[PDB]
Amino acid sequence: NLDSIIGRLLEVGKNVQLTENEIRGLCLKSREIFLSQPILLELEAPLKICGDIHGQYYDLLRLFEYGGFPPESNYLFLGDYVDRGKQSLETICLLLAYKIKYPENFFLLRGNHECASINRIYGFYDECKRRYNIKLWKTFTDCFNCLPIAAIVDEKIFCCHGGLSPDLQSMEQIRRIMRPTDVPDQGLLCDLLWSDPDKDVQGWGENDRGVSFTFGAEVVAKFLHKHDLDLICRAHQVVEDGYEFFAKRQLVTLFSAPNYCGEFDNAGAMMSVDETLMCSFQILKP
């Protein structure tokens, strides 16, 4: 009942409570699609690229208002759909609904919050327990475990949630990551979901999060030259303007949840990539 699900999702802090069976159907069908597509996506422009949402469903609707509801635009999201916000269920369900309906034009990457042990702590487990049951949360977890990890747009823009890894020598190493899997505490898959650029680090550094690493501008420059890429597009950190460049525009951080978690006064942004690989930004003020 996909059109009916999308309809009720779009009709609207006002909740949308679908049925358990409908939500379970969303997870099972999307999971099949994820596993049928590569773990390293190879995408083509034109595309719109969005950073973190964190359950801010009303802002997700804003993004589609600005960018165009599918299938008017093509979409890549970079992860972190759930936790912290008040409407993770609505958020993730519309995302999974669009993935099933437009599976060659709608793409979702895995963020560090699409991991059971993080969800457990940061709100999604609780929202699932309250509104449905724990068994549903476990169904979401199995779906999350099948999400792809990175994307390359037109052989030039490398996309992932977190950032680079000292263990990332070849793109093939990403392709050999096996799904379903949980995100480990260390290593390539961890770093792709958890690392941060840092202006004050040279090479690889300790990350204040207590997970993964920080990397400096020369690590980015080297990565891009080696792999013949032009840009790293990532998310994972709140930034005042919704996007923010690093390493002389060789990396961009995107963040798509304006007025993040009520605490910050940030804009959200969405990046458009056109057929000539020109990048522009649409800005969503809080």
The other form holds:
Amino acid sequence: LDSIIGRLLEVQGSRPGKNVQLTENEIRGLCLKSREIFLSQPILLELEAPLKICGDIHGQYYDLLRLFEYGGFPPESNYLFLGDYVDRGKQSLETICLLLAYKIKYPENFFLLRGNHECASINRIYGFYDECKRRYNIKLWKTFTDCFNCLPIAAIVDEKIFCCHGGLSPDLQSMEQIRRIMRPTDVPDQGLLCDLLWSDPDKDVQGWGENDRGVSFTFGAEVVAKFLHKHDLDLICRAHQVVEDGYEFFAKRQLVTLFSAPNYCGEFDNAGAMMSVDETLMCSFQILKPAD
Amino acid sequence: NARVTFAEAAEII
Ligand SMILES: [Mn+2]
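Structure of the form deposited with its partner chain bound, please, following the form deposited without its partner chain?
Once more the chain from above appears, this time first in line as the rest of the complex follows.
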């Protein structure tokens, strides 16, 4: 129904913090429907330009509306999201709902990837399960899990821009490896899938190194360079990490990092960004600053 | 046919 998406957009213009309390049936519907569409589409998305790409939102619902305000609400534009929708922020429930709605309404112009914070392992503890349990019930959180497990892992835009939440993997040799993993699936402790959602680029590291997070790896400019060449690609688009200005380059503009949730947590005191990728595969960046 | 390019200037929203 358009009723749920209407009610979600209704709090636009309101002072930041006002909730939107859907019925659990609506939300359940949103999960089950979008779940079916996720398994309808490939786990490795073959996408086309033009599209706008966003990074971590982490429940900051009113900042998401600002991004849509500028970028045009679907289907004014096409959208890829690089995961990490829930936790840390005040309104995870609204955020994931609005997105799934759009995914259901425009399944061919709106796309969602799995971020590391789309696991029962990490929704618990970091704030999402708490929100479900406070505003709804445990059973509803289990539903969300079962929906998150069907999320796409990576995407490729016009056979040139590789998009995923975390980054590269030492176990990644061919793309057909990404197409092999059957959904639904939980993110494992270690391996290809986990690396894709957890790994980081590192300036000081040479090759494959340890990660301060405690899971997966750090990688260096050499791996980025040789990966693009080996796969007929020009750029790696990823999120996962907090960077001021919203975006930050790695290697010689061979990997960009996108973070779309301003003043994350906070404090951190950062900014958010999104990539405008046009039909000529030209990328431009638009910055969001922390609101008054 | 098409290759990746970056607009040098960014803009504030
Ligand atoms: Mn992350």
